[PDB]
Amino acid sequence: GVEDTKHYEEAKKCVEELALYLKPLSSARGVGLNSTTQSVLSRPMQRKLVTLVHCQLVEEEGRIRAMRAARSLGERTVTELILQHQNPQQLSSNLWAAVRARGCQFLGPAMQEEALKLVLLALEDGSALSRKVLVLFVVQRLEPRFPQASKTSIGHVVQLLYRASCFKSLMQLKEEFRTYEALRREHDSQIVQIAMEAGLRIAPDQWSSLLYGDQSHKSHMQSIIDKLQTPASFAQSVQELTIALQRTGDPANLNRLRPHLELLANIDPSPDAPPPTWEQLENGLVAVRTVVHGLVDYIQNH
C-alpha cells in the first residue's frame, strides 16, 4: 500500500511507550520509599516486553516475531490481572465452592485418595455397576475409616469422576482410566478446569497442598496445568477474568480491556501463519500497549 509507513510509525510509537515500562522506576510499585520502588512487572512480563521491543519492524521476519510477542505478552497480562485481583485469603473457599456448585466434592487428600482407590477396587476389572451400588460399595468401606464421609458426599466424588468423563444408570470405567495413576490424573485435571472456569489462578505448589496436603506433587500438578494449555487458552482466560472481576464488582473497569485482549488472542501464533499486514501490525501493537498500560496502572493503584 502507501499507508505501510504510517502503520509502521504508529506501531513503533506503541513499542516505544511499552519500552518505557522496562526503565528502572517507570513501573515502580510505589514511590513513597526506596524499599518499594521494585517494578510491578513480573519476570515473565519483563522478558516478554524485551522480546517485543527487540523486534525489527522494518523487516518481514521482525513483524512476524512482533505479532507472536504481542500475543505472548497479552496472554501473560490476563494471568497477571487475575493474580493481582485475586484474594489469597478467599482462594480455597472460592475453589471448593466452585466444585460443590457443580454437585462435585473433594473430601480431602487422604479421604479422596481412598474413595478413588475404592472406586477402582469395584470397577478396575471392567464391571458395570449402577451408581447406587458403586456408591454403597465405597461408603461401606470408607465410612468406618473416615466417619466424616457419607453416602451423599461419596455420591459427589462419583459425580466428579462422571463430569471428568471417566465413565462409559450403569457406570463402567473407560479402559484408559482403570489404573489409579490415570484415574487420579483425570480427576485432578477436572478440578483444575473447574478452578480455571471460576476465574481462579493457582500455582503448582498450592495445588499440591490443596489436593495432596504436601509439596511432593508439584511437578504432577504442573504437568496437568500444561496439558490443559491450548491455542484457545488465551481467549477462554479472558472470559475467566470476567468471572473473577464480577466476584467483586470491577471498580477499576478492567473489563474495558476485553476487546483488546480478544484481538490479541485471535493472533495466529503458528510459524505457518502469514505475515501480518501493516494494519494488523498496528492494531496488534495498539492492543498490547493498551493492556500492559492497563496492568501497570491497575497494580500501581490497587
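Numbering follows the first chain given and starts at 1. Compared with the form deposited in another entry:
For the motion between the two forms, the hinge, where fit shifts from one rigid part to the other, lands on 82 out of 211, 103, 62, 82. Superimposing on the larger rigid part's C-alpha atoms between the two forms leaves the smaller part rotated by 28 degrees.
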Given for the second form:
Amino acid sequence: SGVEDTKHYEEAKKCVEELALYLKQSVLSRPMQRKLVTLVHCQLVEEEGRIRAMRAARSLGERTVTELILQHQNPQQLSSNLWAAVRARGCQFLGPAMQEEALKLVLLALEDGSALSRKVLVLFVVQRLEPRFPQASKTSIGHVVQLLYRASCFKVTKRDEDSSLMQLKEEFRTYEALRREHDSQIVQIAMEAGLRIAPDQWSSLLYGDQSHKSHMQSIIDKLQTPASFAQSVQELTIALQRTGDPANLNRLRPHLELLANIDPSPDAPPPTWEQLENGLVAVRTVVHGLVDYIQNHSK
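Form deposited in another entry structure, per the form deposited in one PDB entry context:
Single chain only below; no partners, no other molecules.
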C-alpha cells in the first residue's frame, strides 16, 4: 500500500503548485504572499518539507482568518474602539508624550523597592506631572496606575482595615521592562475587544511615530498562542451572523478548522501522507476563498 502514498504526494504537490499561480498587480496582501512563498518552498519529498509545509498551511490559514476579519472591521473607528475598551477596563492612555512622562514618574517613585498606597502613588505622579502637563489629575493618572495594576506589575501587600501597599515587582523596575508590560497589556485589551491592529498602527498609537514597529511586533508575537487560531475562527463565525454571510464564507469553516487542529509545535508528530494532502487541500480552498472574498465582495 504505497500507491496511496504517491497519490497523496501528487495531490499535495498539485495543491501547492495551484496556489503558486498567485505569485504573482498581486491580489494577495504583503504578508500573505510571504507565507505563500514559504509554503511553495517546502520540498514535500523531504520530511522537513512535510512538517514545515503542514505548519505553513496552518499559518496561511491564520492569516486568512485575520484578513477576513479585517474586512469586517471599520478602519476609522479602530482607535476610538480601542480607547473605548481601555476606558472600559478603568484604564486610560493619556497620549504618547504624557504617558511616557507619567510612567517615568511612577518609576522615580518605585524603582528602589518602596511601597506606597495607591493614593499616594497617584499623588506623587500628579504633583510632579501637572507642572509640565496641566491636564494631569488624580482621575486620569489613577487610570494609568490601574493599567499597570491590571498588568500585575505590583506586589500588593495588605494592611488590615487600611489601604494596601504597592511595590513594583523587581523585574519591572526599569522603564524598558515596565513600558513593555504596559504596552503589552494595552495590546491584550485590543485582543479581548477582538480588534486587529497592525504593528505600524500600534507604533503610531502608543508612540506618535513609526520607530517602534518592531518592538510592538515582538509584543504581538509573544502574545501568540496556538489556541487563538480556533477562537479567531469563532470570532469570525459570529461576525458572520451580524452579516447574514452574503459571500458564504461559512463554506470555509471546515477547512479552517482542519487547519486549526494541526499542531504547530515542533516535536509534534510528522504528518501522514493523508494528513499532508488533507491539509494542503484545505489551505488551497481557503486562500482561494480569501481571494474570492476580497475581489468580489468588498467596497
